[PDB]
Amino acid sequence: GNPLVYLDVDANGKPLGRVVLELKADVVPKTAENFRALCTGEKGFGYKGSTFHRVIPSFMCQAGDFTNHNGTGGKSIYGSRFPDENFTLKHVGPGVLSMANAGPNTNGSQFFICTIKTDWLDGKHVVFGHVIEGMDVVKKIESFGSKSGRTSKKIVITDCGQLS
């Protein structure tokens, strides 16, 4: 069935808890597989030790730039970037997991978790999973953001991996 992955998150060195995510490999297999492999680190690089670098309250929490830590970097398991797989899943509400990008067909490793319904992103960002457990942790992360995206605390993915 669909993979379950986790992110364990710290804020200024203090554990916030675990976010568990279902990846919708049934609908977006290529996009799901990229995220899964980046969680396990099995290609020799991935999310462990990287940060949530842009967090905007009442909108989204963005992470996944493990090369430059500022929103300019990251890479996929396929190459630097890969195409938009499909736009079948929508940004239906809080807990949706979606690919960040720099325009059409520029997926890498950066992703975001929505904290509201972001319907204006439908057809522009590939949705590929959802939070199963840990929305409370996501809400804590959201509370440390600001309108500019700057975080008031350093938010680090201290561990991550695959549960099933």
Given for the second form:
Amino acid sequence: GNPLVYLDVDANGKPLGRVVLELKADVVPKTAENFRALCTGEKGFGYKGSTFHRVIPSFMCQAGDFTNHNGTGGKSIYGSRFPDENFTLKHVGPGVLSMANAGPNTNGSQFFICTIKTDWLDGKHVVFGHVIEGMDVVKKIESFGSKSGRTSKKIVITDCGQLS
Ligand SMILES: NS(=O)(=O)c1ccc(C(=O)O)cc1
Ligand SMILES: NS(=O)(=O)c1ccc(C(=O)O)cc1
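Moving from the form deposited without 4-sulfamoylbenzoic acid (4SO) to the form deposited with 4-sulfamoylbenzoic acid (4SO) bound:
Now the complete complex, all chains and molecules, led by this one.
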């Protein structure tokens, strides 16, 4: 079936716990595969050790810039960027996992976890999974954000990988 992956997250070195994500490989196989491989690090790069660099309460928690740590970087397993696969899945509510981008067809490695329904992103960001377990951890991360997106604690993905 669809992959299950995990992110173990610290804030200022204190473990927050684990976020488990189901990747909708049945709907968006290319987008799911990129994220899966970046979690395992099997291509020689990925999310381990990188940060949630932009977190906005009552919106979303963004991560995945493992090259520049600031929203400008990241790369996919395919090349620097890859196309929007489809917009079939919608930003239905808290726990949605979706690709960050810089406009059409600019997916790399950056992603966000929604903490509300974000319907205005439908048709603009590729949704590719959802939180299975660990919304408590997501709420903790969210609580360390701000209106500007600046985090008030350093939020690090210490470990990540594939469960099934
Ligand atoms: N003192 S700290 O390392 O900045 C800190 C405090 C609380 C929490 C939490 O609520 O989980 C995480 C980190
Ligand atoms: N809670 S909300 O009014 O839907 C919202 C959405 C986005 C942002 C932001 O980009 O900063 C802030 C608030």
